[PDB]
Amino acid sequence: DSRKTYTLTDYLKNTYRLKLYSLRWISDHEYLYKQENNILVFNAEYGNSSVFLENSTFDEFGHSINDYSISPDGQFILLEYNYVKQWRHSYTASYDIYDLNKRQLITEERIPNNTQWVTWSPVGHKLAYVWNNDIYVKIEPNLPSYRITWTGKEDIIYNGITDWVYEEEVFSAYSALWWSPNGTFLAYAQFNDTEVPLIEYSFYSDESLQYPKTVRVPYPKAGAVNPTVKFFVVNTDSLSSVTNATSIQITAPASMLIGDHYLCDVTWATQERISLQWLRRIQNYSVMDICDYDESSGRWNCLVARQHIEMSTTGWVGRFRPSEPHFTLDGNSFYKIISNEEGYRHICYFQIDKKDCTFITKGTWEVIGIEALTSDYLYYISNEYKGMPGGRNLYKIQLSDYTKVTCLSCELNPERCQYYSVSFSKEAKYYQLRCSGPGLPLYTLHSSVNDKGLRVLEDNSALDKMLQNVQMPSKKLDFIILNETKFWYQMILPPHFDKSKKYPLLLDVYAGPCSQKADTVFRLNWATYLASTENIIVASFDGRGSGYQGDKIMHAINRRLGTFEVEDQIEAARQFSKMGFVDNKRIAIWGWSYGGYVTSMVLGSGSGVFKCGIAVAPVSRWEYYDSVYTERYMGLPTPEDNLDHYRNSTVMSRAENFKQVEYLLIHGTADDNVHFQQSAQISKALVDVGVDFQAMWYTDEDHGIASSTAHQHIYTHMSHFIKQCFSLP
């Protein structure tokens, strides 16, 4: 075979790009798409389009626009620039509104610089933005803004935006604003991190900064004081320049106010009904409140009889947090994915007045998410097809008869497509299907009335042609049994794989709670190069604690992090080493974050199964990690709760067992998520027991070590390491 293999440079340089097709539904019949660089509008039914905005309309803007956002009515466009990243979702920027009618950019009453967040109303073109931790509203882009809040105070009071832990572990967003459907009310949360300790670390910046700066971020570690939260709703239709806006507060339920708790979900049901979910610090009990607007009193009332309790006796509630409800048109009922009697996550139908929900789906498989709802059907994605937890398809169930379930993606192209995600238009008149594996990504448009296939948006013909000139590796998805249970794994096999030969093996690991490293998704990554060029087999295993297979597996590691998930990887390796094509003398292991944790716990387990391992930004001791994520699985690190296990699941305690393995520890000094502190403590422990090891720190890089240069440098360094570790002497 004279074809080139997939090299490290291809991965690092993106020599082979997967074409995408990111669209944005602006109605039930049209969607926006970024062609060349200008914006076009498409009619889903025919495929014809028109330019919605010339890629040259802002040639002399005098600023590079980071991103845009058209108002719902297509009347305005919010140009974002001066982008400056903060954590995973947060960031600041400067904004400018450009009237699409007058074809002139508004120069009056502009959004302030260093705006923390902005958002159009769902309908029309109102604006709500957060500045210096306060909320403002603009009924018209060129009119003054109303200041909705006055308590904003950096690192203390957040209004409309999340603090560090809420953004990363609860909302996966920086936004803490929620417009009501027609945009009348603006619901927002308020966080107070007054007593939350600050994580502190150095930032060196450019070489010209003489003194390094100390970054201080309110971050609650396991057991520390968490931020507190309040909810509010304000009417934007009745705001005045004279008096200040009045926000009506909706206090949490009594079962929540008896101790620490979190706001974990906000969802409008109708124009005057809002539902909220609260979660106790001990995350196995949550309650939903449904609040109706009292047009007379002007206040919001949430009738007890409308409260819905959700709790688990075997673990935490929900996959990472209680699922979102999907209300019906009238808002009188709703569907919500909850764990069932047998511990499998399915869709349950709820009446806001009745307390017993009804399951409309069942079986030893799970519903990943509810994607769309009509009076006749509910569309969702699950891993039911062929009973493969790693696969995903679009299904729809008839609401009048649950026995009638129809898969809409299963048979489209079975050999190429086994993992879809979907995108429906405003009224579910149309939907885009996105297939991401096992073969190359495929995007298609469909109509709901007859579930007919309209057309192909992107099939990646190009990439496919070039990939043909390459010796691409293959992927094997399968399972092994452990104690009657079925656990899945996948192997990235080198080209021209020969079962008579023996290859070294690299166990790519994550294994966090509800994780899944064994799926049918097609990926171009480091593993791709290792198998294509170094002829290294890259495997992954989903053991206990893994997700999408029911709580018996997922909850297996409840209050016991660092046990079964770590054991199962070892047992997984142990079994792969027993296979004919694996060289038991050359088996490595690596992970990032939780994978780093697991990778380290495995190397210090004393199993003798692994020769070397690489841990990138690993967690080393749970009391070092954040409260919301750690406590969810571990509980509180108090003597009367689970402190003992907190102290027994550290990497440090296993230092000596590293004497017989080659270890490479990497971490960014500016990691605000998994603090460098965790790696510094791992290293000190190894030094304490005299174990040599490899290390690499990245100045000013954070948890993702994603800067262009750092990204290439870390993968290059790790590659040298794995290569040296597998070098046949």
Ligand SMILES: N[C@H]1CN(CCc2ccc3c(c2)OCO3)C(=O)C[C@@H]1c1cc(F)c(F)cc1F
The other form holds:
There are 2 protein chains.
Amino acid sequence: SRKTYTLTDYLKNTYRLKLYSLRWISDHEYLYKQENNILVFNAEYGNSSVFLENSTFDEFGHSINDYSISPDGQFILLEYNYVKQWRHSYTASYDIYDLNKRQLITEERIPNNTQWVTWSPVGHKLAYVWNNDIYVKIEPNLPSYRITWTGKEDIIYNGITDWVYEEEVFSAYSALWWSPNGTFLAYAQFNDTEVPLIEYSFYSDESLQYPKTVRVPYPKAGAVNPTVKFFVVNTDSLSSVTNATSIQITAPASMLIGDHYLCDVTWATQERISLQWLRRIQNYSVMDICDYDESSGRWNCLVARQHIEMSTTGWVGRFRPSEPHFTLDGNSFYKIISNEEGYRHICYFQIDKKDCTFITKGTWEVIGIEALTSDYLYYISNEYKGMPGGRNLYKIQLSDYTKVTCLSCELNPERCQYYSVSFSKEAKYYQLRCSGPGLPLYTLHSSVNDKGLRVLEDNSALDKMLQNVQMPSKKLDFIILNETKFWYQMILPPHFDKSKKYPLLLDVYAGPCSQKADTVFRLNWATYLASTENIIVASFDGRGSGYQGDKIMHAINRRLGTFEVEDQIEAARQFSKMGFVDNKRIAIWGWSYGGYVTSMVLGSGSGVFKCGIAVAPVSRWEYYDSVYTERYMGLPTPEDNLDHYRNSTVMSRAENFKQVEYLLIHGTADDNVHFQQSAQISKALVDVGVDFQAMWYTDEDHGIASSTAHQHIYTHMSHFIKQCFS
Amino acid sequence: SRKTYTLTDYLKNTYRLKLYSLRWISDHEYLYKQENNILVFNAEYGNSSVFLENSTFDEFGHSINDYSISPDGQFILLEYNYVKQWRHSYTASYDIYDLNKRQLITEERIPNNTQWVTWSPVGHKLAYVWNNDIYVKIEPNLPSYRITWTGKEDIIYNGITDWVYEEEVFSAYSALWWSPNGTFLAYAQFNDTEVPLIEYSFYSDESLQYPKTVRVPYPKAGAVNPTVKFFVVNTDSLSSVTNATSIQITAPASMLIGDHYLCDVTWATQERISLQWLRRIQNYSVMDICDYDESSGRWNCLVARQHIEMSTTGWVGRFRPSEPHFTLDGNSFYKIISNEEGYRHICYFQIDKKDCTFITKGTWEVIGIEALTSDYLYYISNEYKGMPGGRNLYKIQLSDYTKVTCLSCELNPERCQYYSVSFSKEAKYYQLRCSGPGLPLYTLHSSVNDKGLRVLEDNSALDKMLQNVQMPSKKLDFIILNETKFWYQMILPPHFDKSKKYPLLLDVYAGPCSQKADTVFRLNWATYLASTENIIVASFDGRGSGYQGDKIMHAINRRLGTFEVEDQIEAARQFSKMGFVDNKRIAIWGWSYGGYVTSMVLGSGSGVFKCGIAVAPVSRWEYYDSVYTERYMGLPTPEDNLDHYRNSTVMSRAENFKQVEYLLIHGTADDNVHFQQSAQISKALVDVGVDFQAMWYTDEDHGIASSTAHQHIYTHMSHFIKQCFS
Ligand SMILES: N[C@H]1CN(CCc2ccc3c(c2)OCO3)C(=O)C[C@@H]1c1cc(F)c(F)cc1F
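Mind pulling up the form deposited with the named molecule bound next to the form solved without the named molecule we just looked at?
Following is the full complex, with the preceding chain placed first.
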């Protein structure tokens, strides 16, 4: 028949998925950015109007990669000169455009190289970080206010996170939090003074005669961590002559005793804020709730109003302890915690009551609390059809927990089993985002009746196109390892025939709380490998997996590099026994953590895999950051878990590579998983006399995402798998 | 028949070449180190005696990788704790053993981490460098004498060279020169204060958590060079309370005007020393001759006694201006300079006479002045049979230049056409070292009659072995490019048949003044490729080549990356037209400069080569050191030669790689040709969409010589060529 999904189709993106990215600016309207201009839509009827003309900035004399509209509708922050840094951080230039007088504000503008800018939740206030310091701008055109004075590049961070807090705990560059009505501005301060530095070369443009040495504060497992401090300033009592006074919120005592982290900050009310602290041994976490003392200016976190969240089987939280969701009066909150059975469900807390009440339960987990009203609590779980690789929106009645209602399950069971949601400001309207198993589907509904208002995007255009091509099929199912059931998924070739014996590629990640077997629709490298190369691309979620309860997830506690890789081999070993697998041609590949596992699996001497590809893998945990590695491995000291830190390296298995064909790929500018980790993998192989393929990607980081590097690395890998299979 | 020379034979060294390394300690005896003990031989009769028993140091409690016997016979310098640095430099610990009292001297011993140690030419004096400073030890057991006090790691070097002087001009770490009778000690001082640094990561042992950044003062083309100063101290007028006074010898004026180098120091007499200076534009070089002023302590280099050596066609000297050889009275000297016809021959100088007299002439060149007596001058040239890839020892009568006599030519024309020689102290005896075309042959002779005394080693043992194996044959011959003849050599497979069509590998180097076509016997990778894989491994010496006169050598002046690569293609293009070459399977590979050419050739779009391998190549000249690059390319400024610096990069040709199969190999710790150069080659290929193979060698430098890396890199390459050919 016609043609297949080729590699060029994947790299050149000839089949484009359509999205529908809207931005709720109220409880009735959302902004729908189009390529040229920005519209404004009326959720109820759908009528729309141009918010601002595409031509409006024709002669701005600068490319604008991003806009940001004040919660006022009164102003537009314009971002340009974007210069990416790490996964989330980056700097840019900003100009504020007045929608009132339609004038570009030119006085007291924001500095260039600003690290972070953000409006207050309600007016048109501004808080930005520049040179690691925090500034506040009560008016778009008024002089700025210095909040902090201790900023020092690479040493002291104010309002922005350092490398590890950004990547590991906050997953953001920003470390500042406005209060509900913009009155207060809370922020964190990080001190990297004694954090060791990671140094690597950056070659830059050909014209750069001498390579530069990039050095960033990065604590590797067991190293000295950055320290943290919290402050809350009053953006209403700030002069222009006085130095704004930032009130510090310290403690708790149970955390000050030793190395700790600040893992969450969520405002309860106009004057109440909650902080969540975590010990370096991510076993024990403490949440404090502080009130602003009217006639003292300070903040008081009452003991008795704090809640301890710990774990005897593993660490706290999937990645970081859950986020609390406070009721209007802030006198109580809902948050996802682990079950007495080990399943993450919603617990209802009274700020001054020690015990909470689980409102949900069962052998499934609540992914996330999406919205809260005085009436209902909207959450997303994988309860439906009892399959953890699904996602549906549910709403539970706060008056009767017995009354839980799924709002996505039946909308279109055939095409959608994986939703994500986006509510308007008061949760009066919401947009459901279906991403599989069929083509992505975007629709709008209203919370009063959960009535379907209309389809925002059905990817019909993409569909029309995809019928002229032999697409691969996806099978989501499970197998049974001694009692427990583990899910897997296989990307099957067009006209798949269970009679024939296909070569198999095991796409692996297997990180703690990961999930490679789901119902999401994807047009990636696997699509091609199956559509054109007729290769089955499988994925198995074994011990360590997430969203299935701690008994499975914490299985690899203080024991990384064990069961999760062991089960990957087990899965393949079974896949081959299913009759449509040529057990003579079974390969495995993964990126990041998946690269670590690929290597561990190829070095297991299992004999199951013929060849494999590791892309930017981890070779030994003492090389990765503290926050991540220690959450699962504890500390690398002989009193804690050093022995296992040593038993789970890749180099220690080098000898067993004699039996396989291996391809090691790593970007030289990887700040996350340092090139060092692969430099130690190759050295071990060379010392053992093992031949293998290699490929470095100069100036590329953990993503190898630049246009040319991306197309280059998949082409190289495609050849590799073809060679190993044909 | 039996078997072939396999890859394992090459890597595991199953067929060992025998040598005969002796050390003349007089004009009648030499020391012959054996594995266990050290013997002493009587050149005349051959009788020998044990100089020191192998057991003598059984319980020294340290492995000794090297000995050094005083020109006294009285002492033995013992080297241990060897820690290699660059190509020549390294540090070690030293203990001196007294052969008189057979006692290990324990007082005032030499410091650990000593950079360089050396005896005086006659007694048992010692001069060593430690922490970049010079110390002198008049007695093995007496307190040391600080000569210099300005030493500063990576900034100021005293008595030892910095990176570039070591690698480029002196080809040694040592920068100190004793006078004939040990009275005076001359030394150079280098200042790297403003030399930019090259920085790269060194990952070290797996246990090293954070990679270290190695940084060394390295001037790249056009960068700021180190500056130099010369001093001569009197090791006889040194107290133990006073700070030794070092008299500086400066100028010349014609050199102080701008950037210059110190390219040679050779003592004439007990009180006379000669220095050779070279301008940064290695066009013009000045030799000063200085005498020690008896009643003034200072040194005077008389103008009038200095000689200018320049060149209008190219640079001065093959690599650095030749070394002068003074007559006993130091009132005249012989040195190899370029002919008026462009051929390097011996010129006779009177220290105060401007013009010299050429004693040799012809269309061949004098390789080197080996020995000088009041009677004859012994030199080595490639005059015999008129083939520049040969080497023979000649002696010319100083009384009649008409009387030149070859001393090696006829000894064994069949087996030996490439000799090197080693004279006893007074040139009363000499050892000839034949290294091809047959098996290496070592013999001893006496200068009075040039009588053959006896064979020292004939590699009979290796010969007996090699007859049980199908060895490859070597053909040395030339072709004719418009008038001129250029030599080539081919390593032919056993039972070669000019009827059959063999795949061909072009082994290339082609650096300025290089010579890949010679008559030397070698057991290397080529041996295997031909003996077992039946692949012809050729080598062609075209424009740029050396030992054939400047018309050929200076052809690539200020024009690297042009003719020398062009002719490599030309040679292959002819080789294919010789009927025993499968022009469908022609490959090319090279290391260093040969890697640069391989890349330039593969990016020429010639279509002649199918595949190729570049090992640690140079991609663009602005990346290599100043001294080397500028000697051939001038300065990278728009007023000099920047345009061509830019036209000869490898990246600029990236596009044309679409047509070939390429393998890029580079060591990550290469301090010479920085990994940067290949990081820029791969980046260019990725940006152009070209697929290729790669392989980095973690912690290996320009040599990739460590045991495991060495065996690893040839195995990988062997597979590559086989894939490309079979
Ligand atoms: N660097 C890790 C970051 N991360 C957690 C992100 C996150 C933070 C906060 C949060 C989250 C998720 O959900 C809710 O709140 C990961 O998921 C994996 C990342 C990883 C693992 C490896 F082993 C690698 F080698 C390389 C690598 F980047």
